[PDB]
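Enquirer: The primary structure of each chain is shown beneath.
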Amino acid sequence: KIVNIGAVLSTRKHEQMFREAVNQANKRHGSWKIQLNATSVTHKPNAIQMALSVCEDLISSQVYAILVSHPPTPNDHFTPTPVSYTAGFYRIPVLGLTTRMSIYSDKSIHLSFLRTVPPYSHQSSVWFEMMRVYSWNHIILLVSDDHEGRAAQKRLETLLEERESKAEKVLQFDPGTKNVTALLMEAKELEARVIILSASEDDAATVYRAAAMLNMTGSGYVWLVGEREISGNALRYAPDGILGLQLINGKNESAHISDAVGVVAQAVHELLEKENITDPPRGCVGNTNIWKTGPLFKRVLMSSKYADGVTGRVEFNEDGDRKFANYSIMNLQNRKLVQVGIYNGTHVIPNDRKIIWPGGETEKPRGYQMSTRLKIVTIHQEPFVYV
Amino acid sequence: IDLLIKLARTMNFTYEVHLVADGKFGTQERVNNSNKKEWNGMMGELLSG
Amino acid sequence: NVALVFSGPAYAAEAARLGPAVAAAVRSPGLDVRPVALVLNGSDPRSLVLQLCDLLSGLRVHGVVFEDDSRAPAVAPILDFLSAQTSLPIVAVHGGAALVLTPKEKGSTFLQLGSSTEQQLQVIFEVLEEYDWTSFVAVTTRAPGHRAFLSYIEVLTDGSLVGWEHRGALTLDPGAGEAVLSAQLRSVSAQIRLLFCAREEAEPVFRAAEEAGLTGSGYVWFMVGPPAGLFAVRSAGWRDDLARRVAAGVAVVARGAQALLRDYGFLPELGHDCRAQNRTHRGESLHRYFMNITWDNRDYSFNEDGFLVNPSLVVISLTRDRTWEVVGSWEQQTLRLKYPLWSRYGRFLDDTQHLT
Numbered sequence: 025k026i027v028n029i030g031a032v033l034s035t036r037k038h039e040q041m042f043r044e045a046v047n048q049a050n051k052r053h054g055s056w057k058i059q060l061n062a063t064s065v066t067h068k069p070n071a072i073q074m075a076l077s078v079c080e081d082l083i084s085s086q087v088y089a090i091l092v093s094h095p096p097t098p099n100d101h102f103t104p105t106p107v108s109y110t111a112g113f114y115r116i117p118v119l120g121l122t123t124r125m126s127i128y129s130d131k132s133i134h135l136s137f138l139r140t141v142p143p144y145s146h147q148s149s150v151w152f153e154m155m156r157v158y159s160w161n162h163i164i165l166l167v168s169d170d171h172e173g174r175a176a177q178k179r180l181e182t183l184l185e186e187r188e189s190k191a192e193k194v195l196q197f198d199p200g201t202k203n204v205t206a207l208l209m210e211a212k213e214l215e216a217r218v219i220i221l222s223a224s225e226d227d228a229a230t231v232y233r234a235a236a237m238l239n240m241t242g243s244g245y246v247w248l249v250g251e252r253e254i255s256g257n258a259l260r261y262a263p264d265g266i267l268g269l270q271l272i273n274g275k276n277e278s279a280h281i282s283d284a285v286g287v288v289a290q291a292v293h294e295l296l297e298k299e300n301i302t303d304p305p306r307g308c309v310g311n312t313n314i315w316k317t318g319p320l321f322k323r324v325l326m327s328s329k330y331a332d333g334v335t336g337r338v339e340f341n342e343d344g345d346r347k348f349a350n351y352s353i354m355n356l357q358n359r360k361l362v363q364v365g366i367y368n369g370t371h372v373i374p375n376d377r378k379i380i381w382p383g384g385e386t387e388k389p390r391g392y393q394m395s396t397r398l399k400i401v402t403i404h405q406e407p408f409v410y411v
Numbered sequence: 460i461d462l463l464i465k466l467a468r469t470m471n472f473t474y475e476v477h478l479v480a481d482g483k484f485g486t487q488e489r490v491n492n493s494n495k496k497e498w499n500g501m502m503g504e505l506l507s508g
Numbered sequence: 052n053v054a055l056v057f058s059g060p061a062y063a064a065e066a067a068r069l070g071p072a073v074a075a076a077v078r079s080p081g082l083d084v085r086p087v088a089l090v091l092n093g094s095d096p097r098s099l100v101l102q103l104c105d106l107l108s109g110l111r112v113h114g115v116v117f118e119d120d121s122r123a124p125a126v127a128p129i130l131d132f133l134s135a136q137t138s139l140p141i142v143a144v145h146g147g148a149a150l151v152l153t154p155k156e157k158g159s160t161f162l163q164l165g166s167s168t169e170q171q172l173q174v175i176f177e178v179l180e181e182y183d184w185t186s187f188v189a190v191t192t193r194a195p196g197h198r199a200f201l202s203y204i205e206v207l208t209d210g211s212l213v214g215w216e217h218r219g220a221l222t223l224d225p226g227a228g229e230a231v232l233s234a235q236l237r238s239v240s241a242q243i244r245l246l247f248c249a250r251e252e253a254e255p256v257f258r259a260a261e262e263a264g265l266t267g268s269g270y271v272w273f274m275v276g277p301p302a303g304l305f306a307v308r309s310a311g312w313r314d315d316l317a318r319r320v321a322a323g324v325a326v327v328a329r330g331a332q333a334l335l336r337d338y339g340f341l342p343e344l345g346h347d348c349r350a351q352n353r354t355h356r357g358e359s360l361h362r363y364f365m366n367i368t369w370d371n372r373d374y375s376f377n378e379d380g381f382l383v384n385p386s387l388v389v390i391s392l393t394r395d396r397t398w399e400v401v402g403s404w405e406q407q408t409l410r411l412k413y414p415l416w417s418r419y420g421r422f423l427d428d429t430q431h432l433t
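Protein chains in written order, with UniProt numbering: chain A, 25 to 411; chain B, 460 to 508; chain C, 52 to 277, 301 to 423, 427 to 433.
Just so you know, not all the hints are guaranteed correct.
[Claimed, not checked] Derived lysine-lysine pairs resembling DSS-like cross-links, with alpha carbons at most 27 Å apart:
1) A/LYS131 / C/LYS157
2) A/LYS68 / C/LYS157
3) B/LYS483 / B/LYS495
4) A/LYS322 / A/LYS25
5) A/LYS178 / A/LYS131
6) A/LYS275 / A/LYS347
7) A/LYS190 / B/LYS496
8) C/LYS412 / A/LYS178
9) A/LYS275 / A/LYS68
10) A/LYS178 / A/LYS202
11) A/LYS212 / A/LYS178
12) B/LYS495 / A/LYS51
13) A/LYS388 / A/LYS378
14) B/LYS495 / A/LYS178
15) B/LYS496 / A/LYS178
16) A/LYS193 / B/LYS495
17) B/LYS495 / A/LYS190
18) A/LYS57 / A/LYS329
19) A/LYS178 / B/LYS465
20) C/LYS412 / A/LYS202
21) C/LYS412 / A/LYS275
22) A/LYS190 / A/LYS25
No wet-lab data here; the hints were simulated from the structure.
Just chain A, with the same shape it has in the complex:
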């Protein structure tokens, strides 16, 4: 009778901008009875009140898909964590935005969770396109021992064995670093000079201080830094030639929402068929059953093609992640970032402005630098090797 969706935005001020995405329900396909009512609500200060109101305030509006934005407070997916848990039992698809957490990928924990922005795990996939056009094969990296940081660890080697002879060292450091210096000299023998950072922002800043007394930031080095570990304290004490990345749609929600609501109202159009199209289970005093039309239209939303927005490339894989997104890797140049390239499925590297390296050098250095000292093993063998 009426098609309605809900959303969990950041602030009530931005809620009025979401209504502009639901009042435009007339200019969609069919437009027979598509009358979207936002019925949005600002996220509660904590996670306790979310579960105390999600059932009878958001779901009770006969909503079908939920839009979740990043909270203004520096939290760790605080808003969608109980919402996914609550909507997971209710079998309600949820659309995420500005939530670059890689733990929201396995379907066992969150079967119903799709986000319009790829998390930090997909950064390593784009990173693989960098040394292909920069001519390095040997590679070592240091990474935190947490699920978010380690996400890139299984990302790289799954696409490295077919294009390289394995990373030289994949040594890891505990995220709770406290003057952890012994983990750097133990890695300063492989002569890689191409180290990669995929750690948390606070920890990435911590290792920067430890990377000074033994001058690993001099000439002949190249560093890869994740987007999360650039701004803030990680910017301080960092090498001058940081080759980190960012996102074009960083802190952008209306563009993401408009691309989102373009597919929330779209999937309902082809839904109308002779099959089961019953509404989600209404009521909150008693609810145990699962509506059978949930997974039926979930694949349609995943398989829906939307050639609008940012280059019309809002594509979904088996997980909910943007495909062929433009990351446009940054470049630190004297305590400020400059633009040097972009990714469009294949990395594009325009000249733009010079690319600097740690130590102030501009020419890209060969990270091998050889190793004249060599280690040798023999054994006692009377005619050959006396002892």
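Assemble the complex: chain A is given as a structure, and chains B and C must be docked to it using the hints.
Expert: Using the frame of chain A, we list chains B and C on its own:
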């Protein structure tokens, strides 16, 4: 070890010979942990790094 | 002072009797147990967090055991976060919260009194080699973690001296069709089809066995996930009946704080507050304890995630009268079982190629 010295005179690289630890030439055998085969002796010392 | 939560109206009557049943079941000096009877019902995500917050704030209930009437795993995620929010361990002995939810959130105190599918896969690995069924076809369905569920099969296969086979090309769903799935099921290596499937998908695949001729004893299945001659392991699903489920559930929880108590004199007031304090970082020693707690002559040790590592697993063989009974046990790799393992060709289970 003489053939080793002539080798270092050609490729211009240094060395520090250290004898093998266990004392066996090397043979890929399965450890007690199921059948995860692991080398020993020189081969273990070379593959490990 | 402990809290017992129920999921199902049929278990409401048993609440009154099960209270005193566990107060005197476990005796430990220095701590008194006061079971709390509950009345709520329904799986909706309102009463799950409503009474629990009130119970924690006033009653100060330490130790929660979860019993559910249904096998639906949607109740665990709602309860999983609340364990992390209050930093108090919660155990589940029977019902929907049997499958281990992985990967759990950081700082999660949720615990489950059951063996994970990785543990389930390990114990059934012994069954096939013990009865000489090394060859088999790997079969599964569209499940949230079926890719990871079959991943452990690859690790299991080619392990040790025994040579095993796996297909992994099955994605059982009604869209393909029972006959088409049977056509894909003909890519077989033996009479055994190890199947991972859910309770929702159990009915569609049950009929597909009839179409493929798997009903008879000639071809047998193997149900690892939550037709005749079907093999399964419930991980002590039918064990403990009803009284032992909760009696042993709190014994480990009560003894968990003993290690901290013997280390120093401190009473953790984390469970006494739910909302009066607007802080979520007041959590420590979430999994610091629970290494070597044992009861009922069994190892009740739990992994870091919060599931049994050495449980009293049982083996379930489907009987012709639609009855599930314990046909084997896994107690520290003891596979004596029953029904002598010699058997073969006449029990449980091409003359042009095979001849005595």
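Enquirer: It remains to establish, for every hint, whether it holds in the given structure.
Expert: How the hints compare with the structure:
1. A/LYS131 / C/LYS157: OK: A/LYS131 and C/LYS157 at ~17 Å, within 27 Å.
2. A/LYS68 / C/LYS157: Satisfied, since the Cα-Cα distance of roughly 21 Å is no more than 27 Å.
3. B/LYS483 / B/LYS495: holds, 19 Å
4. A/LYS322 / A/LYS25: holds, 20 Å
5. A/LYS178 / A/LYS131: holds, 17 Å
6. A/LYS275 / A/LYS347: holds, 18 Å
7. A/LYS190 / B/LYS496: holds, 20 Å
8. C/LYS412 / A/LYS178: Outside the cut-off at roughly 44 Å; violated.
9. A/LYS275 / A/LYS68: holds, 20 Å
10. A/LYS178 / A/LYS202: holds, 26 Å
11. A/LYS212 / A/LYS178: holds, 23 Å
12. B/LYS495 / A/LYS51: violated, 62 Å
13. A/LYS388 / A/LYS378: holds, 11 Å
14. B/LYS495 / A/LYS178: Between B/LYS495 and A/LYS178 the Cα gap is close to 21 Å, so the pair holds against 27 Å.
15. B/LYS496 / A/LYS178: Judged against 27 Å, a Cα distance of about 23 Å means the pair holds.
16. A/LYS193 / B/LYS495: holds, 21 Å
17. B/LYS495 / A/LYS190: holds, 20 Å
18. A/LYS57 / A/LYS329: holds, 23 Å
19. A/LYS178 / B/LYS465: violated, 44 Å
20. C/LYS412 / A/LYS202: violated, 56 Å
21. C/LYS412 / A/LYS275: violated, 64 Å
22. A/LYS190 / A/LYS25: Not satisfied, since the Cα-Cα distance of roughly 57 Å exceeds 27 Å.
Checked against the numbered hints above, the structure violates hints 8, 12, 19, 20, 21 and 22; every other hint is satisfied.
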